[PDB]
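The chain that follows stands alone, in the form solved without this ligand, written as structure tokens.
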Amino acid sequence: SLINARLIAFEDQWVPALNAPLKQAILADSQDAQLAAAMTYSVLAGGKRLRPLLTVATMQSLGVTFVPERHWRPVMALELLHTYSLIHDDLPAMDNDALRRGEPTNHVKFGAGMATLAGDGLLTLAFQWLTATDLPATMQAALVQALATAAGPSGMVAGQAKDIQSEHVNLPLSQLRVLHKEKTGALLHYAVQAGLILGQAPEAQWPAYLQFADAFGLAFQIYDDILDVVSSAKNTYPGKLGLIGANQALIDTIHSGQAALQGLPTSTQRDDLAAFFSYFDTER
């Protein structure tokens, strides 16, 4: 309740702040009207911004103030890349979804060709945004290297590739873990890592922050699997463990993430990031 209140208050302040410059920035950085419209359509489709929120919360836990002119573009680059991944997932060549959050998918509204390009434009634009501001070049290059590693053919795209190939194969849990670590864990790992980079986290604290990020990313996926199964499915936690076992796995993972945060030296740090586990106390 009180830890829940803290997260909801953080989202209430930051989500509108993060969203506000989006339409203007995407348009500024585009030279085709329709492409800008397609990219903006999907970015502004009411996402919770969990990933850049984790980055901001990490920065704040380290005592580093968010300066909009320096940090907004690099922090939101992650959200552009996350959006591109949804646009491509929905494509006729991929999941072939007509709706998402009860609203037409990008290719329904713009055609599959323009949708593919809108995803390509956002992926590319993410890297321009990482390197667009007055940040030390060391920080800029570290963010680029971390994001590309998370998002690329050893991370997110590898996860998506494994998902396509596993559509008709019941995977064992061990392989499903690797798939999830790539497909969804990597960007959540990066979201916290991006805060460590921008906030210049003391080296000794990196493992605790990243253990937390890994547990949170795992929890996120178990939770997503449970919601998907309950709302309506074999390559899912409930598919492998049953619904009770999947909830136990979610609870255990939450606890392991909370234990990781005890490794941090101050209670204010511990409390700052611990509030994110209350994300799983509500629904979507």
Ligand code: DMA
Second form
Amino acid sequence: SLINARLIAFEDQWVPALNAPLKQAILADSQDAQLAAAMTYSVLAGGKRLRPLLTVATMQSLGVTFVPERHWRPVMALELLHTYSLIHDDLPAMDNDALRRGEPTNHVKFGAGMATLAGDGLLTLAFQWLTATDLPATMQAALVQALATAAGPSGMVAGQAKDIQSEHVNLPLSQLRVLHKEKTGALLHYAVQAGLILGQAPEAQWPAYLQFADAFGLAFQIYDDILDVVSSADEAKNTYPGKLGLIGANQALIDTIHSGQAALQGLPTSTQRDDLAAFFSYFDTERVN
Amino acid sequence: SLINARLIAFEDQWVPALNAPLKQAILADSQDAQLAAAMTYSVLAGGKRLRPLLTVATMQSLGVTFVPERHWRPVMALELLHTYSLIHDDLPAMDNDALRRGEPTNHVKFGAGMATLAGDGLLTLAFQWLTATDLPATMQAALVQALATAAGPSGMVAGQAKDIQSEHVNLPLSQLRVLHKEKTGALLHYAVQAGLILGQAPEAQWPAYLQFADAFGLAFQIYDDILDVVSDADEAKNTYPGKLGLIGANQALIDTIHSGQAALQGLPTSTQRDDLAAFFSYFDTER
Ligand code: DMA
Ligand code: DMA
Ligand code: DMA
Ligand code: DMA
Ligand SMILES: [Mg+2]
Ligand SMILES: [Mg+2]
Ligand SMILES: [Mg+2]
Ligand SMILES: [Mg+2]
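Compare with the form solved without this ligand: the form solved in complex with this ligand:
Below, the chain from earlier opens the complete complex, with every other chain and molecule after it.
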């Protein structure tokens, strides 16, 4: 399948705009040079910025204008948190990886101690950024509650815990779904949820947007599993192609994409919702072939 | 002695009360039993709870009584974050310690990976707990901003980064002071600031409360340095006894206690003065 021209236009506008203030902001909110450099290193090493892009596309789809002085820190808090999860995931105690985002991993460059602290620093800074701007306190509190719920011991960290415990266990698919929903699903759910909070989405619209979000999070993970096989064994077993075969994984991807599209078709049509729908064109459903 | 009995009586009442809902609360907020066990193990292994005790003492000195439905999760959020910091500090990549709070460290019991996640889980859960009750949103947001500022890369974590970077380095005292204010001062400053927030302290009283908070946090560190040195050469040099000798360190402790007592004198009522002053009795006995 092909990437939608809408999505190309959207990322060309937003990726550089979201990225530009990162280095100055992280440094401004730090009181240690090396810590600042370590946190920034992992954030700037690369990244599709899928999570904050989703937040912005959600906001736009609610007719709400992104204002950098009000919205940039809260939106990019999610990217700080996502980046922290990657630093800790690569650590010697965890996955013990040498490369991340095409660069040496944080601990290889700074030491395992400083890498651990860079992760802790980014996790914490995320909550400072959610509450750093002139947004209503009700909206700030809702963001914090949502992010902590998505990121913590019922969400991303629970998923990471399950991953430790499943390292040499061939999981049934039903159990793998629960793991995925915590480990990767929850921050993608939050990405959209944050846009609903910032855009003050009427309550009646929440189910359709969040069904879209959950479907996007599931498609993301199935595609990541597919990419692990096609692109450049016991943990390969706990993947969609590991459970279902490559064709079966790709059928799951196709079904999930359609399910998310169907969810959004519940809301009134608009060009901005067409932009949001177009995020599914990130997933090439012909990559298996 | 009398003042010491006052502090001990406060702790005997409040520590069991504050601890009681912890196991059930952490479990309710988790979706992995092993993770919950690892988080709960380090929180319940012990701890003087000085940080949430300071919050309670501050709020009640301002005339706001502790209400469990409103206040328990937000107050104990500070203790979850404090506990996270200890777990990560003990890790093989950091201090590589075998015992914490009278028990084997988290990574000895659960492994380094799960201990790292237990710290991450506690840090994140702290922010959920701050915003978990139905306190006014202005208060919730103020607590989150204050805690993240105290705990993050300008506060605690920055203090920890300076500690890594000074492992085999003889720091000048002026640098050591900055390191201390970040590493241990910041969360103790927050302990009192959280009480000002929850107690809706009048704005003119903030300076006296926070001068007290800073003196307490400074004294806490000097006392910790003193006790470490009493109970190789690279370890001891970046401490108060290392810089000033044990006599000078003790003189610094005594002067800092007096400064904190002086700060409290600027509060408008005797009841406020006496409530927080009992915390300096902590230094009058041994651990
Ligand atoms: C499974 C998982 C969470 C992978 C990293 O996420 P990503 O593919 O969005 O990475 P990046 O942030 O590097 O684009
Ligand atoms: C929350 C998080 C960072 C998950 C990454 O999981 P993984 O180790 O399966 O993916 P990757 O190959 O990106 O490390
Ligand atoms: C240097 C430092 C922050 C030590 C632990 O503080 P603490 O003595 O308050 O620990 P506990 O929570 O075990 O009472
Ligand atoms: C924030 C934090 C946990 C600091 C620990 O300092 P330390 O390692 O000197 O104290 P301890 O002797 O309690 O590990
Ligand atoms: Mg990994
Ligand atoms: Mg992993
Ligand atoms: Mg230590
Ligand atoms: Mg240490």
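Numbering follows the first chain given and starts at 1. Take the two forms, find the largest set of C-alpha atoms that superpose within 1.5 Å, and that set is the rigid core.
A displacement of less than 2 angstroms separates the C-alpha positions of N19 between the two forms, with the rigid core held in common.
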